[PDB]
Amino acid sequence: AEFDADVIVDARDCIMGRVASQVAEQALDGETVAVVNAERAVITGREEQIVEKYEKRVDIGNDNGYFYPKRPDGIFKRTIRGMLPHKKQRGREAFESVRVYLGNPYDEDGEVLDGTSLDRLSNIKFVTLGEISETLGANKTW
Amino acid sequence: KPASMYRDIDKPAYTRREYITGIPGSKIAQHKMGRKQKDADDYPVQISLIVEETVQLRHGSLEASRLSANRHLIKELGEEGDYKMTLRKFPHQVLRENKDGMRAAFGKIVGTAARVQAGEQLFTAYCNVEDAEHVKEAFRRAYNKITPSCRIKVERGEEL
Amino acid sequence: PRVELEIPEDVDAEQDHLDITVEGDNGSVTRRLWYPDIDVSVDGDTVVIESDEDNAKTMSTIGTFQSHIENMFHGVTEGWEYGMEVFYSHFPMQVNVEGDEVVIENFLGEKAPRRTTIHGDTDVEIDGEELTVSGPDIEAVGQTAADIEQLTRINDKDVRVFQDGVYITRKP
Amino acid sequence: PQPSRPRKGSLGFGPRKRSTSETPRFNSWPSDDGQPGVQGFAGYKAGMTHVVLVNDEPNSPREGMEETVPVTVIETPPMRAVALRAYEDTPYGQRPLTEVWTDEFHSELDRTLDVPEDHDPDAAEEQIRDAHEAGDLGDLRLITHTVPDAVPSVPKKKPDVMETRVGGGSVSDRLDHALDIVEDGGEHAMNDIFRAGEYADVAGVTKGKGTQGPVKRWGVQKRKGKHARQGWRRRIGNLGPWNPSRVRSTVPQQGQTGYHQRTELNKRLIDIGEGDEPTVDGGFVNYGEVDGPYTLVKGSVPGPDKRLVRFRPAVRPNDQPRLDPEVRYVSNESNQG
RNA sequence: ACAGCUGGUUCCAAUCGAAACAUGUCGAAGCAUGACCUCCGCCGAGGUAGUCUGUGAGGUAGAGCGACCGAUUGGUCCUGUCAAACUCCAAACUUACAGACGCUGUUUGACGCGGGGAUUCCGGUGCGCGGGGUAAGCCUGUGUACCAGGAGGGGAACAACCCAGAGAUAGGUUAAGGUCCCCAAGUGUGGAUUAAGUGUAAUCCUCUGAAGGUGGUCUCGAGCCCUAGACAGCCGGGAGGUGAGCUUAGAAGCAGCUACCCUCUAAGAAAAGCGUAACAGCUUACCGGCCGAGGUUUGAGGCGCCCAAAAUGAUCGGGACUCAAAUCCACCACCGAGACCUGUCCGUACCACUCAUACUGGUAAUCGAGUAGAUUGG
RNA sequence: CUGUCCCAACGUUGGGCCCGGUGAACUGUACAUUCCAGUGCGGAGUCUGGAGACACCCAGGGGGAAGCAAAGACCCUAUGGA
RNA sequence: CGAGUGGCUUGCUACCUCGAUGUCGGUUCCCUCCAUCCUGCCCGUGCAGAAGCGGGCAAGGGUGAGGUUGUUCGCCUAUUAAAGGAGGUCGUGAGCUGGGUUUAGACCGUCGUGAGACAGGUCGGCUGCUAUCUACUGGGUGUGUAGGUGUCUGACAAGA
RNA sequence: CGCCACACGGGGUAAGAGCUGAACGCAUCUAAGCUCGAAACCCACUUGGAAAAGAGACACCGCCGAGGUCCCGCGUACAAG
Ligand SMILES: CO[C@H]1C[C@H](O[C@H]2[C@H](C)[C@@H](O[C@@H]3O[C@H](C)C[C@H](N(C)C)[C@H]3OC(C)=O)[C@@H](C)C[C@@]3(CO3)C(=O)[C@H](C)[C@@H](OC(C)=O)[C@@H](C)[C@@H](C)OC(=O)[C@@H]2C)O[C@@H](C)[C@@H]1OC(C)=O
Ligand SMILES: [Cl-]
Ligand SMILES: [Cl-]
Ligand SMILES: [Cl-]
Ligand SMILES: [Cl-]
Ligand SMILES: [Cl-]
Ligand SMILES: [Cl-]
Ligand SMILES: [Cl-]
Ligand SMILES: [K+]
Ligand SMILES: [Mg+2]
Ligand SMILES: [Mg+2]
Ligand SMILES: [Mg+2]
Ligand SMILES: [Mg+2]
Ligand SMILES: [Mg+2]
Ligand SMILES: [Mg+2]
Ligand SMILES: [Mg+2]
Ligand SMILES: [Mg+2]
Ligand SMILES: [Mg+2]
Ligand SMILES: [Mg+2]
Ligand SMILES: [Mg+2]
Ligand SMILES: [Mg+2]
Ligand SMILES: [Mg+2]
Ligand SMILES: [Mg+2]
Ligand SMILES: [Mg+2]
Ligand SMILES: [Mg+2]
Ligand SMILES: [Mg+2]
Ligand SMILES: [Mg+2]
Ligand SMILES: [Mg+2]
Ligand SMILES: [Mg+2]
Ligand SMILES: [Mg+2]
Ligand SMILES: [Mg+2]
Ligand code: NA
Ligand code: NA
Ligand code: NA
Ligand code: NA
Ligand code: NA
Ligand code: NA
Ligand code: NA
Ligand code: NA
Ligand code: NA
Ligand code: NA
Ligand code: NA
Ligand code: NA
Ligand code: NA
Ligand code: NA
Ligand code: NA
Ligand code: NA
Ligand code: NA
Ligand code: NA
Ligand code: NA
Ligand code: NA
Ligand code: NA
Ligand code: NA
Ligand code: NA
Ligand code: NA
Ligand code: NA
Ligand code: NA
Ligand SMILES: [Sr+2]
Ligand SMILES: [Sr+2]
Ligand SMILES: [Sr+2]
Ligand SMILES: [Sr+2]
Ligand SMILES: [Sr+2]
Ligand SMILES: [Sr+2]
Ligand SMILES: [Sr+2]
Ligand SMILES: [Sr+2]
Ligand SMILES: [Sr+2]
Ligand SMILES: [Sr+2]
Ligand SMILES: [Sr+2]
Ligand SMILES: [Sr+2]
Ligand SMILES: [Sr+2]
Ligand SMILES: [Sr+2]
Ligand SMILES: [Sr+2]
Ligand SMILES: [Sr+2]
Ligand SMILES: [Sr+2]
Ligand SMILES: [Sr+2]
Ligand SMILES: [Sr+2]
Ligand SMILES: [Sr+2]
Ligand SMILES: [Sr+2]
Ligand SMILES: [Sr+2]
Ligand SMILES: [Sr+2]
Ligand SMILES: [Sr+2]
Ligand SMILES: [Sr+2]
Ligand SMILES: [Sr+2]
Ligand SMILES: [Sr+2]
Ligand SMILES: [Sr+2]
Ligand SMILES: [Sr+2]
Ligand SMILES: [Sr+2]
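Chains as they are written, first to last, in the entry's author numbering: chain J, 4 to 145; chain H, 4 to 102, 114 to 174; chain E, 1 to 172; chain B, 1 to 337.
Incorrect hints may have been included.
[To be verified] Label pairs and their computed distance ranges (CB to CB):
1. H:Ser71 x E:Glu81: 51 to 59 angstroms
2. B:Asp118 x J:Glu55: 27 to 35 angstroms
3. B:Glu326 x J:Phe70: 54 to 62 angstroms
4. B:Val115 x J:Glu55: 51 to 59 angstroms
5. H:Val143 x E:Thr169: 45 to 53 angstroms
6. E:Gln94 x B:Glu333: 54 to 62 angstroms
7. J:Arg95 x B:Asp136: 29 to 37 angstroms
8. H:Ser7 x J:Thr144: 54 to 62 angstroms
9. B:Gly169 x E:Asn155: 42 to 50 angstroms
Since the hints were derived computationally from the structure, they do not count as laboratory data. Where is the CB? At the ideal position from N, CA and C, for every residue including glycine.
Turn these sequences into a full structure, and let the hints steer you where they fit.
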């Protein structure tokens with residue numbers, strides 16, 4: 004429900020970490036970013052291990068807790084939080100001025116950032132965030 | 004006892020028997036194997052087992068590797084085959100063990127070891143062209159019972 | 001490298017993205033041919049599998065893609081046929097094709113019927129103690145034929161004494 | 001070597017705190033099979049009596065013989081489905097769209113709700129149909145209340161409002177079925193949803209037992225032998241090891257017991273009827289007399305007398321329904337004696 | 001009461017600045033005397049932390065032993081190994097004295113001498129070399145630098161690892177280290193490798209991973225065969241004398257013994273492997289055909305993989321990273337200390353002037369960190 | 001012989017909880033909402049990294065503060081004592 | 001013979017605490033590890049079958065009752081699918097118990113001239129504290145979200 | 001100590017059994033691809049859960065009045081609340 008975004012980024016076929024690193028740098032530069040099509044975002048490597056790293060993060064916890072998101076919505080949001088000093092005033096403002104969305108709820112198509120796109124024709128060892136979330140046990144709502 | 008207690012060359016050279024008493028005899032039977040009457044120059048093929056790291060090999064390991072090497076040569080070439088193998092290293096370094115805590119720590123004599131430098135020949139077998147793959151297998155079994163990684167270097171083998 | 005495959009007169013093959021569709025008188029086979037830097041294209045009369053890389057891994061798949069396309073040609077013309085024989089030593093095994101699945105009844109004395117589902121456009125025909133698995137996609141036929149052999153799998157007892165089951169007689 | 005033993009009590013019904021709503025809320029609903037219908041009803045617990053039955057089970061060696069079965073009597077008067085709520089499929093789960101209400105309201109519904117005076121049942125209905133056209137319509141549920149006024153033994157006149165799901169045929173046909181019930185007056189009985197012999201899931205908020213200790217709450221042991229006389233009788237050994245330097249939430253502690261929502265699975269409906277056939281002599285202890293629409297549910301049901309219990313067709317039944325069991329005798333003997 | 005034992009001992013600043021060692025001690029939780037720190041007076045021109053050369057001292061490393069000595073192989077000279085308490089040899093290096101250059105001293109008086117006051121004699125770590133010990137964040141030596149008593153920068157945190165020795169203030173450039181985000185600076189360039197999330201971990205109690213194994217993959221060399229058609233696969237042939245002889249009831253490619261010959265021919269064993277009681281039956285050698293381009297053998301290197309099991313919640317600091325944000329080879333530009341350069345000021349020391357230690361002017365690349373402690377102004 | 005136990009239940013009396021009145025002590029370097037790891041004189045709420053965490057209050061049983069309490073009563077040492 | 005993993009035993013070392021970090025065993029209650037005893041799915045067999053033997057994946061659940069002994073350990077019995085092992089300050093004394101080790105009393109044996117000793121045995125021999133902080137179990141009051149009533153959604157969380 | 005209730009099935013995997021298949025004309029379960037396959041995992045089911053700071057949704061009532069609190073009679077509730 005309405006977010007006055009300055010920049011709208013398209014995560015489709017883009018390497019998650021590389022996008023997140025730029026979305027962080029821009030959030031700290033006062034830009035209001037919005038990451039779009041995060042279900043279709045990419046992460047490279049052997050699926051089997053990538054899933055194990057995320058499945059462990061779900062199983063980790065205690066009474067204090069460790070809230071790790073299962074949906075590709077929150078997974079991207081947490082990755083961005085990882086590149087920002089979110090406990091500081093300047094960092095919380097930056098993080099809160101960044102929102103991840105499933106699909107594209109805007110009118111405009113998002114821009115693909117430089118050096119973030121993965122050439123599917125050149126790569127076979129990767130995963131879609133939606134694939135990770137389906138394995139984690141999340142409800143497919145995209 | 005494990006070889007980890009005696010494999011390194013960090014201790015001084017302790018060999019002088021005129022000051023060391025109660026040294027246990029070598030478990031090694033013989034250094035000259037096969038047809039010890041024939042010459043080493045009478046063979047077209049000379050293959051040596053070369054030690055890659057600088058270690059100390061105990062008499063028990065020297066014997067265990069020699070036994071499982073010569074036993075294969077006796078199995079494949081017979082008890083009187085046309086070969087001759089030599090174990091050129093002798094167990095000169097005397098080994099101790101502190102077996114009272116760390117007081118009067120200098121241990122009692124428990125055995126003997128052979129200081130072999132890297133690149134040195136531990137074993138050297140002389141054979142005929144046809145028996146070459148049998149001796150390469152005698153050494154593959156022998157290098158499995160010592161401490162370092164090894165090389166099977168053919169010194170007189172243009173026949174391949 | 002580049003391996004050019006001439007398409008037979010009986011066949012016509014269309015391609016979009018990474019998916020190749022091969023149509024002929026015996027049917028239609030669609031497969032996905034995806035591997036890094038390998039391009040599979042239609043030159044109207046020939047199918048071209050090419051890459052800029054000549055390493056062992058890439059070379060392995062260029063050869064696999066060839067034998068896949070060659071197999072799709074033979075599938076849409078002559079077809080693929082696997083032959084099987086049902087053997088029993090004490091209990092009369094009632095093999096039947098019921099719906100889209102081949103059902104085996106009273107195997108080794110069981111009250112419960114053993115059943116496996118048929119993969120795609122594969123046809124299983126029964127003529128007594130002989131079964132013939134046939135179709136255009138080798139992936140489908142090969143597996144349906146295998147599924148049948150694997151349906152009479154016995155782990156609990158000796159295979160040498162309890163030899164009952166349907167077995168592959170003819171491999172194409 | 002210290003013998004093994006399962007932990008005291010289940011961690012699945014946690015946290016063991018007081019229920020938010022005294023009226024139970026189902027979190028699961030049945031699958032869409034046959035003809036469209038309301039997936040649940042409700043009543044008010046009356047008490048227990050036994051019934052004699054003829055064994056229905058084909059696999060029982062006692063098939064056809066006399067058999068005594070414990071049964072709980074629940075007064076189930078007709079409920080009113082006052083509205084049709086519609087949900088839409090959003091990227092954030094299901095969200096309510098609009099609601100279709102009515103004109104006919106029960107005399108005392110204003111004791112709970114702020115009854116609608118001005119509503120557009122047509123524009124609401126239109127939004128639902130334009131959403132079905134778009135392929136965004138999720139499920140179809142009805143807002144429903146009870147008539148506690150119809151039950152003389154229950155003090156309350158204030159209706160217990162709760163939402164129930166309508167499943168069945170196509171989403172288009174069950175939209176029609178749903179609107180059709182509402183447009184009238186929303187009146188429906190247990191005969192409309194259930195048939196005697198079927199397996200139902202009964203939800204309820206348990207008997208409130210206030211604050212109780214570990215022995216009652218978690219079923220831990222009492223201190224045994226010599227330990228029992230030392231000053232510690234009903235307290236556990238320890239609150240955990242040295243490390244971790246904290247008390248885990250898994251260690252049995254004191255607190256609230258009862259007044260928890262429980263959904264008891266696979267409850268057989270022995271009989272559905274009307275009148276005074278199941279009433280006990282001298283009236284049901286701490287309840288009253290039964291004369292009207294009821295339901296006889298096999299065994300126990302969560303909650304005390306006078307409490308509202310909810311019904312739903314079993315989401316996971318074990319046995320196949322053996323409809324309309326033969327009732328040879330229902331006991332009317334006093335519960336005092 | 002006495003105690004060699006625990007605790008405490010109150011204001012500011014400036015100069016120098018340790019010892020945790022040696023000899024003796026009913027001595028080892030203490031002292032004394034030396035080493036070493038500081039202060040004063042004296043003497044009066046040399047001094048020697050570095051280097052080179054010259055004149056001397058030396059037997060550790062290495063090596064070797066028909067060179068002594070003593071261990072320690074086998075054969076019918078030859079052949080196989082060793083040494084803290086061996087030496088026919090023999091360094092690097094350390095060391096005496098002297099000369100030379102350097103540096104230093106003659107108003108800052110060095111070198112030295114005499115006297116006053118100490119503190120100190122539980123040390124620790126890194127590196128090199130050690131001796132003991134299975135090992136140790138072990139014990140005990142030695143040389144050295146460091147912590148102790150050393151800030152600041154880096155290393156996630158962290159006495160001794162890297163940079164760096166530091167008056168105040170200010171501008172600038174760098175060092176170690178770093179440049180995808182967190183986080184200042186590159187999602188830098190040319191080329192290659194790795195697919196394991198290997199790795200993104202200098203050093204380490206701290207960061208493991210071994211013997212053994214690997215048609216995972218990349219690179220490099222050697223030999224041999226190949227359009228007179230190789231390697232493989234598929235087809236056809238694999239035959240006669242004779243079922244060799246002997247053995248044996250039988251043995252006929254194939255139980256065993258010996259031999260292992262010659263015809264046909266393009267090949268085809270007195271048969272390499274199964275198989276039969278023995279035959280038969282199935283391929284092997286060997287020849288031909290189809291086919292059509294490299295194939296086969298071995299050596300070496302690179303990265304990875306297997307080997308690989310632990311207790312509350314997984315980790316390179318975290319995120320997360322795959323033609324990299326990994327690894328290796330080159331290269332480009334930057335970020336980054338109190339270091340280095342630079343403006344002013346302060347303290348201290350010395351010089352000129354002076355009664356002045358009052359001013360004024362000057363010099364310091366060769367002054368400015370400090371626990372115990374000596375000295376001095378407030 | 002029996003609630004010692006299987007295996008716990010219900011009850012009685014006084015407390016406990018709420019209200020009026022009365023009214024101490026122990027303890028206190030400071031800061032303090034923690035948790036999982038790591039590091040550190042090798043047994044950290046405070047260091048480092050992450051995670052979690054809106055404030056205040058009532059009741060509880062005591063997991064941690066190597067909890068509070070007593071200059072270890074073991075062991076060694078003192079040119080100690082009886 | 002050779003290479004290692006673990007950190008349950010024992011030994012070594014003497015880094016931490018002697019202005020005190022309560023013992024062994026047991027008990028109670030909680031979490032965990034896998035090198036798996038049972039259960040699930042597998043492979044081999046000297047796999048006819050039945051009953052086994054060996055190995056693989058696998059830690060969800062289970063692994064119990066008793067006789068001697070303070071015992072841990074261990075021995076023994078009958079049951080059982082099986083009656084696995086180990087970590088948590090050898091988990092757990094501001095929870096219990098106090099049978100053993102290890103005070104002061106006493107006996108026996110051995111040793112000693114003797115006081116008295118013993119890594120010998122034996123009988124008797126004490127268990128403190130009103131919870132400030134933190135932690136968790138349950139219960140409230142406020143503030144934020146920015147008028148109310150009723151119905152819901154589901155990020156995540158728990159389960160054997 | 002009594003009585004009632006407490007699945008099945010899907011999806012993806014491990015060990016494993018296979019299919020198609022190349023490097024390496026053959027062969028090969030694996031290198032790309034695919035079919036199966038554990039009491040284990042995910043879903044299913046139960047419980048909690050608008051303080052989820054993106055601090056949510058719907059319907060209706062009300063903003064001079066909707067609704068709530070105190071009050072009174074009581075418990076399907078309860079140590080205060
Ligand atoms: C271990 O046995 C204890 C038993 C008892 O424990 C004490 C009391 C607890 C003791 O505390 C414990 O003492 C041990 C010697 C050491 C132990 N620490 C190692 C932990 C210490 O703490 C413990 C054991 O928890 C006691 C000394 C406490 C204290 C303050 O010093 C003390 O003296 C007070 C005036 C106590 O009186 C006496 C005679 O002890 C009183 C407070 C009473 C009421 O409390 C007690 O008596 C408790 C029963 O008496 C001690 C002297 C024993 O010590 C030994 C070695 O046997
Ligand atoms: Cl958690
Ligand atoms: Cl932060
Ligand atoms: Cl790839
Ligand atoms: Cl108890
Ligand atoms: Cl300095
Ligand atoms: Cl990873
Ligand atoms: Cl002054
Ligand atoms: K202590
Ligand atoms: Mg069997
Ligand atoms: Mg009664
Ligand atoms: Mg009665
Ligand atoms: Mg001063
Ligand atoms: Mg001054
Ligand atoms: Mg030497
Ligand atoms: Mg000091
Ligand atoms: Mg930056
Ligand atoms: Mg790693
Ligand atoms: Mg304590
Ligand atoms: Mg003391
Ligand atoms: Mg004493
Ligand atoms: Mg005395
Ligand atoms: Mg295992
Ligand atoms: Mg478990
Ligand atoms: Mg007992
Ligand atoms: Mg303990
Ligand atoms: Mg405790
Ligand atoms: Mg207490
Ligand atoms: Mg006793
Ligand atoms: Mg006793
Ligand atoms: Mg006590
Ligand atoms: Na990645
Ligand atoms: Na989590
Ligand atoms: Na001794
Ligand atoms: Na008590
Ligand atoms: Na404790
Ligand atoms: Na004295
Ligand atoms: Na001394
Ligand atoms: Na002393
Ligand atoms: Na040397
Ligand atoms: Na000079
Ligand atoms: Na000293
Ligand atoms: Na220094
Ligand atoms: Na630092
Ligand atoms: Na990694
Ligand atoms: Na000083
Ligand atoms: Na009693
Ligand atoms: Na506590
Ligand atoms: Na180890
Ligand atoms: Na130990
Ligand atoms: Na105990
Ligand atoms: Na298990
Ligand atoms: Na016992
Ligand atoms: Na302890
Ligand atoms: Na106690
Ligand atoms: Na105890
Ligand atoms: Na499954
Ligand atoms: Sr950037
Ligand atoms: Sr050494
Ligand atoms: Sr000792
Ligand atoms: Sr070896
Ligand atoms: Sr235990
Ligand atoms: Sr509901
Ligand atoms: Sr729910
Ligand atoms: Sr007691
Ligand atoms: Sr702790
Ligand atoms: Sr010297
Ligand atoms: Sr780059
Ligand atoms: Sr590059
Ligand atoms: Sr450590
Ligand atoms: Sr290392
Ligand atoms: Sr190796
Ligand atoms: Sr494992
Ligand atoms: Sr200064
Ligand atoms: Sr100074
Ligand atoms: Sr309390
Ligand atoms: Sr005392
Ligand atoms: Sr098993
Ligand atoms: Sr007993
Ligand atoms: Sr023990
Ligand atoms: Sr014993
Ligand atoms: Sr006792
Ligand atoms: Sr004793
Ligand atoms: Sr005893
Ligand atoms: Sr606020
Ligand atoms: Sr497999
Ligand atoms: Sr809210």
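To see whether the hints hold, each was checked on the structure:
The hinted window of 51 to 59 angstroms between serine 71 of chain H and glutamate 81 of chain E holds, with their beta carbons roughly 56 angstroms apart. A C-beta distance of roughly 58 angstroms is found between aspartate 118 of chain B and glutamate 55 of chain J, which places it outside the suggested range of 27 to 35 angstroms. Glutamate 326 of chain B and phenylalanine 70 of chain J have their C-beta atoms about 56 angstroms apart, which keeps the hinted 54 to 62 angstroms range intact. At roughly 56 angstroms, the beta carbons of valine 115 of chain B and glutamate 55 of chain J sit within the given window of 51 to 59 angstroms.
The given range of 45 to 53 angstroms is respected by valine 143 of chain H and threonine 169 of chain E, whose C-beta atoms sit roughly 51 angstroms from each other. Checked against the hint of 54 to 62 angstroms, the C-beta distance between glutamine 94 of chain E and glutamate 333 of chain B comes to roughly 59 angstroms, which is consistent with it. The hint said 29 to 37 angstroms for the Cβ distance between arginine 95 of chain J and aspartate 136 of chain B, and at roughly 35 angstroms that hint holds. The hint said 54 to 62 angstroms for the Cβ distance between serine 7 of chain H and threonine 144 of chain J, and at roughly 59 angstroms that hint holds.
About 46 angstroms separates the C-beta atoms of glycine 169 of chain B and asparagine 155 of chain E, a value consistent with the hinted range of 42 to 50 angstroms.
Hint 2 alone, counting from the list given before, is not met by this structure.
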